[PDB]
Structure formats: structure tokens, C-alpha cells
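A lone chain, given as C-alpha cells: the form deposited without the named molecule.
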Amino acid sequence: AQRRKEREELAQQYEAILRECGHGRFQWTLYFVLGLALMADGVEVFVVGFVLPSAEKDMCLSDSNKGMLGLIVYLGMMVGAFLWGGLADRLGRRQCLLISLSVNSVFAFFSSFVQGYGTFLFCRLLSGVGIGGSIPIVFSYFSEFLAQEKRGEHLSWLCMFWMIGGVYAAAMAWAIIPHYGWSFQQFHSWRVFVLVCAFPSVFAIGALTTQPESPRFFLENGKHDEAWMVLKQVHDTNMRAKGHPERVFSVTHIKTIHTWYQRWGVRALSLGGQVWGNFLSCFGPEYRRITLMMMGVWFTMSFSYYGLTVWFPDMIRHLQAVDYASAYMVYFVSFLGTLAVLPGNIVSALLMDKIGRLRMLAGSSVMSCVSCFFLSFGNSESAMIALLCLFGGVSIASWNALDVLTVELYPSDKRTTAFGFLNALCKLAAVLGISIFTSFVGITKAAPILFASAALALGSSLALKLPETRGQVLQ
């Protein structure tokens, strides 16, 4: 009873303090800084989904090994999501984001120089473990600086960088890989592509070193003075940028809540116990129903999205093969599909707070479900490309709404743990969807459509039952 009341008081005072600081230069600087990490996540997603099948160049491996390589990095990302999301609730958002990005950058760098399939597989697995933390940490980290007024719109604009990362990866695949001359004694061009894909995470580390830790984490962990200094930094930056530097931060006091390797082991066991306690508390009676409905929504949406997104270019390739019998194309098709997301991002960001998260999610899910039925009439490659663009454009709004809803439905001391668990479930659903949808390619275009449509309808029916979070302080 007591702790919940104190945390509600803290939430209200934190809302009041963030209204004191206002929204401005600081939040947009942080927006770009974390956008770099979302871009790194998008680059990793593209590489794993479309290139890691050794599409043209590596080719030193059997087809079964191509499938394994194209999939187990998703297991790495699942493990990373759970690990870093759990740890960020105990060690801090900035700390865990820095360590996760350092791991990703280091092992991506290593994967460029390895000489064998197995070591490359291992390096990409660890890079996926590293990058898995970006989404759950980034979204909570940014949300903890936002007032309720336009929180949904501000979070929705964040997803632009994931699309930018996908576009970057596709364009770099187009530019670098075909240029086999960009090699030296053997340092083939795929090494250059792998190396250049690591730049966004290095820039993310560099930029992130400049930003402060989340003050909400400090207040939730008893460190009043550090949170006060960080909040005064936010206020002073925003007022200086707005031409009112003479304004003084009025906040006085903020409510707050409260051998070497053997010591390391003790610390590790304590941290594991705390993370497991948070995860289990996510299933307590006060969050049980929300947690299960979110699990279902996330799983069904991820299954449909990833299965269909990988199925599309394979179907286009099969159509082209059948036409001929009567790589670049995959990269260009993925590039167009990633570009098609931009209008949906713009519209959903502008309308998130106006129409609400629940209606956005349900309407976008229904639109995706009905646009799945159009694929029965995909009579040509042009039609299939157009329908891929349509599906992505309508579906991305569901993801934006789900991100905002996941941020707002959980408390600050569980936010990254719950988000990491749900994102690991998302990556598991991605693995399952890719594996199942790959089997149907060329055999039928009924099974994948029915699977995706049913999953989306189930997701919509589950989404319609979640509570509305507008007009409420960030619990």
C-alpha cells in the first residue's frame, strides 16, 4: 500500500517537474542521439533478414547453414533483449545502452575479419545479443523525459530512425557489394559491407556518451541529487535555447523511492535475483491480464509482420523465375518496402494523441488484415511490390501504437524489463514466422495469407481489450 502511494506521488511530481522544464532543445538532441541506436537496430535487422542468407557473396556454406545463419541471430537478439531490458531496470538506461552498443559494435567489427563460417556465425550471434537491447531501452529512456501532453507523438517520431537504418543497410548493400573491385589481398567486398554497417552503432556510442542518465531511474533508486542535477540540466538547456536563460529552476526537493571474482559472483547473483524478481512481478495480479494480452498482441503482430515481410521478396523472386522459364532485386524491393513505411509513420505520429493508441492499433490491424486478402490477386511482380508497400504503410502504425502502449502500461521500475520480455517474444515470433512462411514459397499463396490474416485478426481482438492510457502521468 505505502510504496504504491509514494510512487504515485512521485509520478505526479515528476509530471509537474517535466512541465517546469518544458519540451525543447534537450529532448530533440536526445531524440537524435537515441535515433542513432534505433538506426543501428534497423541495420542489424536488414542484414540478418536479407543478407545473412549469404545472398550472393559469402557462399562458402550449405543451404541448411544459410538458413541457420539467417535465423539464429534472431535468437541472439531475443537473449539480448531479455538480458539488457532486465539489467536496465537495475543499472540504468544509459549504462546498459552503452554496454549493449559496445558489444554490438565490437563483435560486428570482429565479424568483418573472421576467415570461417563458424566464427562469423558466432560473431553475428554476439552482435545480435548486443543490439537486442536497443528498442526496449531506447523507448523507455526517451519516454522518461516526456510530459503527457504530446508523449505519444514524440515517441512515434522515434520510429523514423529504424526505417532510416533499413534504408541505409539496403543502399549500402546496393553500393558496396556489387563493387567487387573494392577488395585487397582475401578482403572481399562483403567485408567492406559488414564493416560499414557497424558505423551507426559506433556513432551511437559516441553521441550517447554526451547525454545524462535518466533522472526517473535515479529517483526510483534513491539518488535524489543526481536526478535534481539532471533535471536542472534539462531546464537550463531548454530555457537557454528558448532565449530565457535568466529563468531559474524552481524545484527544491523531489520525492525519491528507497578475491575479486568471488565478489563479482556475489554481485552477479544479486543482480540476477533482482531481475528475476522484476520479471515475475510483471505477472503479479495487478499486471497479469495486461501482461498476457500484450504477449498475445506482440506475438501475433510480429509473426504476421516478419513472416509476410520475408515472404514477399521470395514470392517476387519466384514470380520472376517462372516468368523467365516461360541479390539486387531483393535489396531494391526491401528498399521500396522500407520507403513505403514513411507515410504511415508521419500519419500515425501526427494522429497518435488525437485518436488514441487503442483506435490506432485496432484500425491499423484491421487494415493489415484486409490488405492481406488482396494478395490472392497479386498477378504480377508490379502488383506484388505495390501490395508490399501497402502492407508496410498500413501496418507500421500498429507498431508505433504498440510501442507507445507498452511504454505507458508499465511502471518505471519494471518498464525496461517488461519491454525486453515482450521484444524477446517478438523476436521469437519473428523466427517462427520466417521459418513457417519460407516453407510455403512457390507451393501456395493461400497458406501464408490465411496465417497472417488470422494472426492479425486475433491481435486486433486482443488489442481492443487493453486500457486507454491517454491523459495519465507516466506511472
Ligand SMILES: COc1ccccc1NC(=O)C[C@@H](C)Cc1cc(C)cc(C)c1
Second form
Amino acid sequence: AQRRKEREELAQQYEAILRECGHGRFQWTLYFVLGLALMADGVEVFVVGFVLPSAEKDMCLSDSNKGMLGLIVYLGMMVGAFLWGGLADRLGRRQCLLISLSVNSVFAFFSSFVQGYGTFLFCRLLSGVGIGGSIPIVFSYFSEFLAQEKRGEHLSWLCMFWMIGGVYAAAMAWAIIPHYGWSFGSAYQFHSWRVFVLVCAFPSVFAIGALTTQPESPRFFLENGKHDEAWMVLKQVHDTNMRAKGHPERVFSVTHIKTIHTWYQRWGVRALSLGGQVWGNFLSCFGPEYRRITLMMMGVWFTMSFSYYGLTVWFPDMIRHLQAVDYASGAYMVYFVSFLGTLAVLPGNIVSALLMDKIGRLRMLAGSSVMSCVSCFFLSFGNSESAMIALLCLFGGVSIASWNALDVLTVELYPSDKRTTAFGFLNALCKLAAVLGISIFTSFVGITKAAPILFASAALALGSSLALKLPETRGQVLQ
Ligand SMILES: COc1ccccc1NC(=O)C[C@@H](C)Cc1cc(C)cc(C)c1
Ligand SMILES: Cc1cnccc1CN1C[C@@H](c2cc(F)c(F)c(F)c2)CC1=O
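The form deposited without the named molecule done, now the form deposited with the named molecule bound:
Full complex below, order starting with the chain above.
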């Protein structure tokens, strides 16, 4: 009872202080810094989705060792998302993001020098574990600096870096290793998979370097009884914004902010305390206040991720089938399709950013889910490569807005002390949905076109039906 009152006062005062600080240079600099980490995450997603499965053909492997790489790295990403999301509520957003990016970079670097398939599997699994935690931490970290007036608009532009990371991975795959033999022979002669792996690790290193310059989230400090650090961070934000805008004479007027109050044996007891706190935070999401919201968010996230990652493997096989049919009358195609998808998402991002705070998160999510279902059903009517590409671009452009709205809802539906835990759980569920979608839609290669399309459309329809029951968060202070 007392704690809820104190946290409500803290949220109100934090929104007032964010309004006093304003929006400007600091927020955009942090936006680029966190976009670097999102770009690294997109690079890893593309590498798991397209590079490794094609490389498995070159690396002669048994029938048992066909799906192995992608499956196990996605499982590592699923584990890491939950782990780092849980730890971010206890150690801090910046600290856990730095640790996860360091793990990802170190093991991506190590994977280049391996001389075995199993060692490469191990290194890439650990790299996936490191990279899994980026999205929840990045989104919560950036949201805790945005006022309620335009938080949704500024959060909607974060996925462009994920798209750019996918495009960068596709371009580097096409350039460094086009139709080459992935063997553990390459001799690191530039056109090598080792060189490709080394180049793919640059965004993570740059993200670490940039993130070392940014301050920890002051909301985390306030929620954990660190008044002075949060005050210093807020003063830094205010001074940066006012100096950038040409008003260095303005003085930060905030005085006091509401605050909430052998070696291996010690490490063990501290780690047990951390684990207990993380488990308690996870179990709190299924309490009487948040259980229904958690279940509905789980359903919507699972359906959207399942449909998207099913289509990501269904579409290239359909393109290959159409090309074969035309002929009977690789990497560059994937890169071109990724570039076109990144271009087509941009109008959807513009519309979502401009309408999120104007019409609300619920209407955006519902309309975009309905349009995504309609476009997924429309995908079945294409009968040529160009028509299929245009329909997929339309589907992506209409569907990205639902993802943006769901990110905003996930940020705003949970309290600050458990936001990253809930987001990490939902992102791990999304990774599981991606695994299931890829595995199931791979079995559909030999059957027909219509059935996978109908399956994905039904999943999107279920997600749209579930989206209607979520509560609206527009106009509220950040919990
Ligand atoms: C920007 O890409 C990516 C980003 C991150 C990871 C992978 C990719 N790339 C793909 O997954 C290939 C292709 C299916 C992307 C795509 C998606 C949509 C909805 C429409 C279009 C035209 C392309
Ligand atoms: C950035 C992000 C934020 N929150 C959760 C997950 C993510 C990462 N994404 C984006 C999603 C997506 C949706 C689309 F409709 C597209 F067209 C597209 F290309 C990609 C798929 C995914 O896993």
C-alpha cells in the first residue's frame, strides 16, 4: 500500500522532471547509440536465418546435422533474452547491455578462428546468448528518457536500425562469401567465412564503444534508492538539451526527487539472491494484477512472431519455385529482397510514428494486424516473382506498425522495476515462436502454396482478435 503510493509519486515527479528537461540532442544521441546494438541484433538474426542454413550445404554434414546451427543458436537467443531481461531489473540497463554486448562480441570474434563444426556451434550459441538480451534492454532504456507526449513516436523509429543490420549482414554475405564453400581451405583470403564472421562483429564493437559514453537510466537509480546519481544524470540531460538549443543560461531547478527504499561462498550467496529476485520478478507478472495482460501479450507476440518467421522461410522457397517454373518453360536475391523490405517498412514507420500518440496504441495494433492478415492472404494470389516481391513489400509495410505499437504497449504496460523482466520473457517467447515457425514451414516445402498462407493468415487473425482486449496506455505516466 505504501510502496504503491511512493511509486505513483515517483512516476508523476519523474514525468514532470522529463518535461522540464525536454527532448533534443541527448535523446537523439542515445537513439543512435542504442540503434547500434539493435543493428547488431539484426545482423545476428540474419546470420542465423540465412547464412548458416546455406553454409550447411557447403559444410558437408549428416542428415542429423541439418537444422542444428539455427535451432541451437535460436535457443541460446531465447535463453539470453530472459537472462539479461531479468538481470537488467537488478543490475541496471546499461550494465547488463554492456555485459551482453561484450559476450556477443567476444564469442563472435572467437568463432572466426575455430577449426571445427562443434566448436563453431558452441561459439555461435554463446554469441546468440549474448545478443538475445539487446531488444528488451534497449527499448526500456530508451523509453525511460522519453516524456509521455511523444514517447511512442520516438520509440517507433527504433526498428530501422534492426532493418539496417539485416541489410548490412545480407550485403556482407553477398560480397565476402558469394556462392563459396564454407569449410573448416578458406585461409582467411578476404573471401572467407572467417572474414565474414569478423566483419559481422563490427556493429557490436561499435555499440559497446558508443554505450561506454552514455549514462545509466535515472529511473533505475530512483527505483533503487540512488538519488544523487539520478539527479546528476537528469542534470546532464537538461544541460545538454539546453546548451544544444542555445539556452546555456537555464538552470536545472530540481532539488529533491522521490526515491524508493571464502570468495566463492560470497559469490554463491550473492548469485542466489540475484536469482531469487529475478524469479520473484518473473512470478509477479502472473499475479492478479498482471496475469490477464501477460497472457494476452504472450498470445499476440507469439502469433505475430510465428507468422512472420514462417513467411520469412516460405517466401524464398516460393521465389525459387517460380524461377524454376519459368526456367523450365541466391545470396544477391536475399540481399535485394531485404533492401526492398527495408525501403517498404519506411512508410509504415512514418505512419506509425505520426499516428501512435494521436489515435492510440490499441487502434494502431488492431488495424495493422487486420491489414497484415489481409496481405498475408493476398500473398497466395501472386503468380510471378515481381508480383510476389510487391505483395511481400506491402505486407511488411502494413505489418511493421503492429510491431511498433506492441513494443510501445510492452514498454508502457509494466512497472519500471519489472519492465525488462516482462519484456525479456516476451522476447524469449518470440524467439520460441520464430523457432516453431521456421521448423513447421520448412516441412511445407513439398506440399503446396495455399496451405502455409492460410495457416499464417489464421495465426494473424487470432493475434488480431487477441489484440482487442488489451488496455489503452495513451496519456498515462510511465509506470
Ligand atoms: C531487413 O531484412 C532483414 C532484417 C533482419 C533479419 C533478416 C532480414 N531479411 C529477411 O528476413 C529476408 C526478407 C524475408 C526480408 C523481408 C521481409 C518483409 C516483411 C518484406 C520484404 C520485402 C522482405
Ligand atoms: C525491432 C524489433 C522490436 N521488437 C521486437 C522485435 C523486433 C525485431 N523484429 C522486427 C519484426 C519485423 C516485422 C515486420 F512486419 C517486418 F516487415 C520486418 F521486416 C520485421 C520481426 C522481428 O523479430
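The term rigid core refers to the maximal set of C-alpha atoms that superpose within 1.5 Å between the two forms. Positions refer to the first chain, counted from 1.
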Core fitted between these two forms: which of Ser111, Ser105, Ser334, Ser214 shows a C-alpha shift of 2 angstroms or more? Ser334
Rigid core superposed: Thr438 CA moves 2 Å or more between these two forms: no
Any chance the CA of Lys242 moves 2 angstroms or more between these two forms, core superposed? no
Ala55: after superposing the rigid core, is there a C-alpha shift of 2 Å or more between these two forms? yes
